[PDB]
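Visitor: Put chains B, C and D with the ligands on the given structure of chain A with help from the hints.
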Amino acid sequence: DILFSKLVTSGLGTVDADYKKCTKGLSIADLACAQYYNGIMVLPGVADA
Amino acid sequence: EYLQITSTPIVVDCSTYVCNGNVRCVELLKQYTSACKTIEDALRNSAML
Amino acid sequence: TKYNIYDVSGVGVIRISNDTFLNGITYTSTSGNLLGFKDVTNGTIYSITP
Amino acid sequence: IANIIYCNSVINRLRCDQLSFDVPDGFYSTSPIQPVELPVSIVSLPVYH
Ligand SMILES: *[C@@H]1O[C@H](CO)[C@@H](O)[C@H](O)[C@H]1NC(C)=O
Ligand SMILES: *[C@@H]1O[C@H](CO)[C@@H](O)[C@H](O)[C@H]1NC(C)=O
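Protein chains in written order, with PDB author numbering: chain A, 692 to 740; chain B, 593 to 641; chain C, 445 to 494; chain D, 248 to 296.
With the rest of the complex left out, here is chain A:
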């Protein structure tokens, strides 16, 4: 957890999007949902925690 928090959080990096929330429109799309509208789909990490 130190090596996963002490280093810069990848909020602007490759984080998969909650596709179930991106099409609801209940809030303006974040960086993850905005990329989904352009066909870019970041798949879930194979290294499951």
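No lab work stands behind these hints: they were computed from the structure. Don't take each hint at face value.
As the list claims (entries may be wrong) - One-sided and incomplete, this derived list gives chain C residues near chain B with beta-carbon spacing under 10 Å:
{"#": "1", "residue": "454"}
{"#": "2", "residue": "455"}
{"#": "3", "residue": "461"}
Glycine included, every Cβ here is placed at the ideal spot set by N, Cα and C.
Guide: Below, chains B, C and D with the ligands alone, put in the same frame as chain A:
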């Protein structure tokens, strides 16, 4: 010692990225028969492997 | 629906957000596509989805 | 002409888009068809006109 073992796989839908969902655009895209198929196959196979 | 919102043309779906942004009237993503807009007469903010 | 397939079903449309009679196992991207009765929505600021 630190060794990288994985990289977040990314897949892109060729039709949505270039045509932005425009119906007339996707008909023109079909002329580039090998363009979308080559890009999508390269990304999908790397993610599966 | 086809929309022309504040000199921006596109096709999408418009809904009502519980976002309360205070600045501006149009919100765009990095690609330039319109993500939402604000009605000046009432202050409600709407979202846009393909 | 030796054999043909009609691009009518879900699996056949994927084959026609992939330009192959055999589809390797995996995950394939796709997009639903767009409606045609699209209304017009206009928003514009009131100014000296
Ligand atoms: C907006 O609505 C969403 C979904 O109900 C909720 O998760 C979020 O906390 C709400 N935020 C505000 C500002 O009410
Ligand atoms: C105006 O804003 C109020 C805020 O409570 C909301 O109830 C109402 O439906 C909005 N109406 C329009 C036409 O924007």
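Visitor: So, for every hint listed, does it hold in this structure?
Guide: Evaluation of the provided hints:
1. 454: Holds. Min distance 8 Å.
2. 455: At 7 Å from the nearest chain B Cβ, residue 455 (chain C) passes the 10 Å test, so the hint holds.
3. 461: Since the shortest Cβ distance to chain B is 21 Å, the answer is violated.
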